[PDB]
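Student: Use these hints to put chain B with the ligands onto chain A, whose structure you have.
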Amino acid sequence: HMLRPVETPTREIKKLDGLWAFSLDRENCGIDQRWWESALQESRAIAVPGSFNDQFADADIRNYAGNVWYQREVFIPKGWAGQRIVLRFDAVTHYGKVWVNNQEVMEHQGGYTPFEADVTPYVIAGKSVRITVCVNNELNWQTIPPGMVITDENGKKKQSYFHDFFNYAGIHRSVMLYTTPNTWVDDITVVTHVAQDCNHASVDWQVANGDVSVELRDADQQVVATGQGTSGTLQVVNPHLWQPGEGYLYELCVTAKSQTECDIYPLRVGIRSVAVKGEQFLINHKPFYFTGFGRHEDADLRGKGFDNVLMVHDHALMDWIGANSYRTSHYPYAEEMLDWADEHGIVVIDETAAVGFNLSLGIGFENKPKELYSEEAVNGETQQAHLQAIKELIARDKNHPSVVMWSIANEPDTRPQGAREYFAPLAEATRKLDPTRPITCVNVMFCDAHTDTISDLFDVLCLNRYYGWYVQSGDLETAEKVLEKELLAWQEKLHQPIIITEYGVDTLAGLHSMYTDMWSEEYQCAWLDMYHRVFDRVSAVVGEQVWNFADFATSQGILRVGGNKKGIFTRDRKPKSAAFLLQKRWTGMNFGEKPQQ
Amino acid sequence: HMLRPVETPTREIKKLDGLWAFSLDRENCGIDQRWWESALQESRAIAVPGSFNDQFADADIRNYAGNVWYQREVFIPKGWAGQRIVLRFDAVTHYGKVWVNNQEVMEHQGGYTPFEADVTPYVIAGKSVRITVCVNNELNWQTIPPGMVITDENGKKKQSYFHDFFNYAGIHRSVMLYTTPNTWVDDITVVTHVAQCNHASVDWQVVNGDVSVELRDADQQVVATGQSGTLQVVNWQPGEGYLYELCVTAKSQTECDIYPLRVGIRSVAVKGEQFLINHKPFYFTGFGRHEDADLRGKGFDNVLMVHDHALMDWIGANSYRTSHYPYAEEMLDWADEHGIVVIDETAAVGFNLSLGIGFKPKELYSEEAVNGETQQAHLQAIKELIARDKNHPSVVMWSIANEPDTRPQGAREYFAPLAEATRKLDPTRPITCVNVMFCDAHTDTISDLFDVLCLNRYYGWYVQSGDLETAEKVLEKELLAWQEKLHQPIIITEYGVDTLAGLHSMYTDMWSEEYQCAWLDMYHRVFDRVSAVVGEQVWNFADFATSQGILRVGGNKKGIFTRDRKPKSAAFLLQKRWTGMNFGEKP
Ligand SMILES: CCCCCC[C@@H]1NC[C@@H](O)[C@H](O)[C@H]1C(=O)O
Ligand SMILES: CCCCCC[C@@H]1NC[C@@H](O)[C@H](O)[C@H]1C(=O)O
Numbered sequence: 000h001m002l003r004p005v006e007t008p009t010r011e012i013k014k015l016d017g018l019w020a021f022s023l024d025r026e027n028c029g030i031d032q033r034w035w036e037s038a039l040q041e042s043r044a045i046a047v048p049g050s051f052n053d054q055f056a057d058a059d060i061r062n063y064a065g066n067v068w069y070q071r072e073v074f075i076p077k078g079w080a081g082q083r084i085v086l087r088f089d090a091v092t093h094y095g096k097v098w099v100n101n102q103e104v105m106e107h108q109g110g111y112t113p114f115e116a117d118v119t120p121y122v123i124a125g126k127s128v129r130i131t132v133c134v135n136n137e138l139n140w141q142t143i144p145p146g147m148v149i150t151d152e153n154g155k156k157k158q159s160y161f162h163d164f165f166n167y168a169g170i171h172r173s174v175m176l177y178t179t180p181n182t183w184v185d186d187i188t189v190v191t192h193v194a195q196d197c198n199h200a201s202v203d204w205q206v208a209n210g211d212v213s214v215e216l217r218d219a220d221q222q223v224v225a226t227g228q229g230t231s232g233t234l235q236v237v238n239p240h241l242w243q244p245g246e247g248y249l250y251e252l253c254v255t256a257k258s259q260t261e262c263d264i265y266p267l268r269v270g271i272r273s274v275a276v277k278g279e280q281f282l283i284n285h286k287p288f289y290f291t292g293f294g295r296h297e298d299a300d301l302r303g304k305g306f307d308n309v310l311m312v313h314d315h316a317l318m319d320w321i322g323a324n325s326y327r328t329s330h331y332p333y334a335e336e337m338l339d340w341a342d343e344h345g346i347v348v349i350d351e352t353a354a355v356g357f358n359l360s361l362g363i364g365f366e369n370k371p372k373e374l375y376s377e378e379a380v381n382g383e384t385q386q387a388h389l390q391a392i393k394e395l396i397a398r399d400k401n402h403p404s405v406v407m408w409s410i411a412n413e414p415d416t417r418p419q420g421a422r423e424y425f426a427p428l429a430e431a432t433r434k435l436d437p438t439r440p441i442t443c444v445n446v447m448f449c450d451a452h453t454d455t456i457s458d459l460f461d462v463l464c465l466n467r468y469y470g471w472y473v474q475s476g477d478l479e480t481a482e483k484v485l486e487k488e489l490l491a492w493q494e495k496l497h498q499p500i501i502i503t504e505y506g507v508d509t510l511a512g513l514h515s516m517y518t519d520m521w522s523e524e525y526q527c528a529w530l531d532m533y534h535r536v537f538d539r540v541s542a543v544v545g546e547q548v549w550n551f552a553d554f555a556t557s558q559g560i561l562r563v564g565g566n567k568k569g570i571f572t573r574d575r576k577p578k579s580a581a582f583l584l585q586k587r588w589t590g591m592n593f594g595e596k597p598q599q
Numbered sequence: 000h001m002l003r004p005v006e007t008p009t010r011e012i013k014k015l016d017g018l019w020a021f022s023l024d025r026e027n028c029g030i031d032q033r034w035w036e037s038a039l040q041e042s043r044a045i046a047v048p049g050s051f052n053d054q055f056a057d058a059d060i061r062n063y064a065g066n067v068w069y070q071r072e073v074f075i076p077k078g079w080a081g082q083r084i085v086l087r088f089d090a091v092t093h094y095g096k097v098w099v100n101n102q103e104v105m106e107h108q109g110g111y112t113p114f115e116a117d118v119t120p121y122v123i124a125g126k127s128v129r130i131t132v133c134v135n136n137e138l139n140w141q142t143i144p145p146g147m148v149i150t151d152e153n154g155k156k157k158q159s160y161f162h163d164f165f166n167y168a169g170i171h172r173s174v175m176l177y178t179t180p181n182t183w184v185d186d187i188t189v190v191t192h193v194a195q197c198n199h200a201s202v203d204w205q206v207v209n210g211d212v213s214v215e216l217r218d219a220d221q222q223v224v225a226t227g228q231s232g233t234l235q236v237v238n242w243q244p245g246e247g248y249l250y251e252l253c254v255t256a257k258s259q260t261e262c263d264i265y266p267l268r269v270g271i272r273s274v275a276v277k278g279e280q281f282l283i284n285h286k287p288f289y290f291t292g293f294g295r296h297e298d299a300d301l302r303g304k305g306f307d308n309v310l311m312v313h314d315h316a317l318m319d320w321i322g323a324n325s326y327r328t329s330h331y332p333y334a335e336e337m338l339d340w341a342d343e344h345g346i347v348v349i350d351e352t353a354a355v356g357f358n359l360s361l362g363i364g365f370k371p372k373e374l375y376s377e378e379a380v381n382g383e384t385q386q387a388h389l390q391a392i393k394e395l396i397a398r399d400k401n402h403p404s405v406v407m408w409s410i411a412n413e414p415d416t417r418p419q420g421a422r423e424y425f426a427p428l429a430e431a432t433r434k435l436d437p438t439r440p441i442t443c444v445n446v447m448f449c450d451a452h453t454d455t456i457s458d459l460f461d462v463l464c465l466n467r468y469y470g471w472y473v474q475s476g477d478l479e480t481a482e483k484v485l486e487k488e489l490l491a492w493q494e495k496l497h498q499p500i501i502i503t504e505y506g507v508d509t510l511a512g513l514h515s516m517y518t519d520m521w522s523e524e525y526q527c528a529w530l531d532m533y534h535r536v537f538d539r540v541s542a543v544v545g546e547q548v549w550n551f552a553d554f555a556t557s558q559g560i561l562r563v564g565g566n567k568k569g570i571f572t573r574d575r576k577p578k579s580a581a582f583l584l585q586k587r588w589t590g591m592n593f594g595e596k597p
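Chains A and B supply the protein sequences, listed in that same order.
Letter by letter, the first sequence follows residues 0 to 206, 208 to 366, 369 to 599 in the deposited numbering.
Letter by letter, the second sequence follows residues 0 to 195, 197 to 207, 209 to 228, 231 to 238, 242 to 365, 370 to 597 in the deposited numbering.
Looking at chain A on its own, in the form it has when it is part of the complex:
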């Protein structure tokens, strides 16, 4: 049971603020020598939140595999003698184990979701405790995402993985201590139903030794509904709906009264209905059309570290270009992202970190498990770890009205028997963990309409298609034919709504061509344009998401010229020519509505 921290009977002191002591451990003696005991040797200042790889311009820190130590002292605020205090890590990429002054208090696997522990017994209010963090950036076959650690003859660990983006690690987001009353709200769940768009209710179901009443206050803070019951309610309402263009928010505030002290938790709600009918995706009983991007949490110097200016600027760009939706590509994003999405009515495809369950999308000319689904590779523990990743993503983003669909994985290889054996239970478990949202699994190119094995276990079909790029390279005529043929094949086979969640081409900013050859800005424009002409001719396609909003870092190889260049913007957010192409189509269309051509 987890909620995002906020105010009044609750209060934060964040240690996000500032520089920590940081150290490597090339021989992994930190645990043996109990480094959490003393203040570190060999410590250098590092900034949190932020990846550790790019911060020191050193290829050895950058390419490190192992454990790293983050440590900082802090003064525990003194008006906190009688309240309950928690230590919350909003993300520690891959694995983290924390000591609060010689006392292990938490441990976590999963680099993208928050994890907290009550630390009341282990701290002296009014004085300073020392926080030590042990961070592991290693991936094996039971981590979400999977990878393999390669140890050379000399014990240097080098991490290989099967996804594009670079394996940035560290404390990527918020680290804070926050206090709730000893009687406190611990979890909230809100569900919205709507009929003729002027007439429904907000079911609730709450959970910590406190009798609870909930007021549903206005944007004007005018109250229009009231309930009581730990097992919640159905507050019935005639309302203004949370819509894609505007995203209205009521405020449902839950009051947890114990007979002495009280706690109250403010939770914003968007009144909207999501469903799939035939080949139509409907938000509030109207067929929506998705436009926008796959994104990444990547940026210069800070890696995957959260940054407010970046969020403000990237939403300004996305707003300008006319995007209405995005997918949290290949891991759960910072919650600040989803909060922004709620206030602005941005439609979001929420996705777990389950990427790389595929051993066919390689560079060439170089020792893998020859069976993807097996005891050596993706096995039962992997499945359990995956289900737990689904449970953490859902427990954190269930109430967000902007999250409109759950993505279980991205681009697994579905051809082997055992893909369906691995995925079907996860598809079912996910539906039972949130029956109010449709479910998806993003589908790779070579698992075509004929060969794919699991897409009928999901509500929406999300395709990643690169005809004319990785195959039929340079050939816009042939690729157009292939793309039309496979889209009609998919619509014939499943009669589900189709979103093209990935389509894009590597483009060097400033490379121009009078031909329309690959890597050129002219080719990025003509290729996106040919895709758009096809989408507009297939009734089932309800959504387009250009593969990347910006250029991002990847591991080194012959396929990646300083990373992935499929961005519409450069890594410093400057637009390639295709940006204006996109802006013309996406602002020239009626909002949320499929282009009539």
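Keep in mind that the hints were calculated from the coordinates and are not lab data.
Keep in mind that a hint or two might mislead.
As the list claims (entries may be wrong) - Mimicking DSS-like on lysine-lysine, the simulated pairs with C-alpha atoms at most 27 Å apart in a straight line are: (1) B:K155 <-> B:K370; (2) B:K156 <-> A:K483; (3) B:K483 <-> A:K156; (4) B:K370 <-> B:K156; (5) B:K14 <-> B:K77; (6) A:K370 <-> B:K483; (7) A:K487 <-> B:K156.
To be verified - Simulated restraints on C-beta separations: (8) A:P437 <-> B:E373: 54 to 64 Å; (9) B:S127 <-> A:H514: 38 to 48 Å; (10) A:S579 <-> B:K495: 47 to 57 Å; (11) A:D531 <-> B:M591: 46 to 56 Å; (12) A:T453 <-> B:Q386: 35 to 45 Å; (13) A:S515 <-> B:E373: 33 to 43 Å; (14) A:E336 <-> B:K370: 48 to 58 Å; (15) A:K155 <-> B:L490: 21 to 31 Å; (16) A:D531 <-> B:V309: 32 to 42 Å.
Where is the CB? At the ideal position from N, CA and C, for every residue including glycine.
Tutor: Structure of chain B with the ligands alone, referenced to chain A:
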């Protein structure tokens, strides 16, 4: 039998004055309708020499597969009534058929060598004859280099091939008309020997005329003289490059003809781990190159040659390999005449089906692919190279092919006749065949049919990508493995990494100028530790155009220079090494 035209009793008018009428033939009725009848209509100006693909900024012309039509008139000069006059094409890339006013005067297959024909019976001096050329850019398994044409559903041709560089086509070189006296020399052959202050120069000046030969100096003052066959004693070095001149007089009583031909006195041979030029241990330094440049494609251009040679001289290169095809004959005149060491190579590239991109005949040596006809065309291509560059002193080694796959059974049947035959087509030059990375020491089948073996190695790039410590270990161990395994001299004909000009990194990540620098330095330190290898040639001198794909960012970016000839940081690195060593002597 071939040699370059010159002017003392013979005379040229080049039709290289570029603007010819040019046209495509997209429904392939040109041969049927005999377009050579009339002047081509629906015609647009084109520049000759130059590839036709890039001249028009048109992607449909650029990617065309089929026949194209080149046509121009010329006024044959009237002081040409009694001499024999020849129509000479220095190269028509892939295939060419010429009409001189309906009389189809020639044909040629093989896009990198000249072909000439006497057109006296079909020409009237003092008026203009209509020249029509049909050039085909298509490749099959029986062509040099090999390829496959696949036709899509609508009769649209796509040409696929297996070499990196782009398949540029057209009239790439000189087109000249030249007139000789009716008793004329047709071929010359010269061989030079040298001992450890003195030696001889065989000749055989195959012509209808008696023979007298003058050996005039740079002063053109005489040093030996003969009268078919000789063997003359005397009493050409890399840094300096001296050239004597033998002048051939075909003396007839009816008329006379003379030919001036330059000669270089030097000896080349190998054994142990040593390649010796005039009995001295050489070290090759320099480049794999390409005939590629903006707008003109593979078209020859004098400014380009002057500038690129300034660059190679500055950076400290003493040698280059005519990568994947025979270069401009003018290239070799410059190299003879400037003392550049040239590793000469034919167009035998793409005999390999193993490292293409990701995302075909199932056995390379067989009738479906590499067959007996391929053997013939390959032998003929080897022999045309031999006939045109036999007299050039700058050629120091002949390359029979580049980067074939040696692992399938049958490579040694295809190859053995070509190595024996080619050694038998000139014992005065050593022979090599450049072998790919994946045919390593244990796996390669044929490295012993050649005098030197030349390695193209890219460890740290295509394998162990970015892993420069590990790549170092591999390069050292398999280099020593090769030295033990054949005890031949080794030249590294290819080593380089794609480098985007202006991409810089505080790490040393691939595609960065820092990475090119660090990678080349590691390779260089590796060679300094193997007594055996006597030659280093950084893979490409300049960035060049290739066919489109996910591996090539607007072409191959392994150049030391960009395509507009601007230096990456590694350029200076190379200059330091090649200027910092004593000439021809490796650290
Ligand atoms: C042949 C299949 C190619 C799949 C390649 C498409 C990949 N999908 C997942 C994304 O994270 C990658 O960046 C994208 C790519 O490589 O740019
Ligand atoms: C595994 C790759 C094997 C090396 C192949 C490297 C290629 N040699 C032949 C040249 O024509 C190519 O330019 C070179 C390359 O990279 O552009």
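Student: Tell me the hint numbers this structure goes against, listed in increasing order.
Tutor: none
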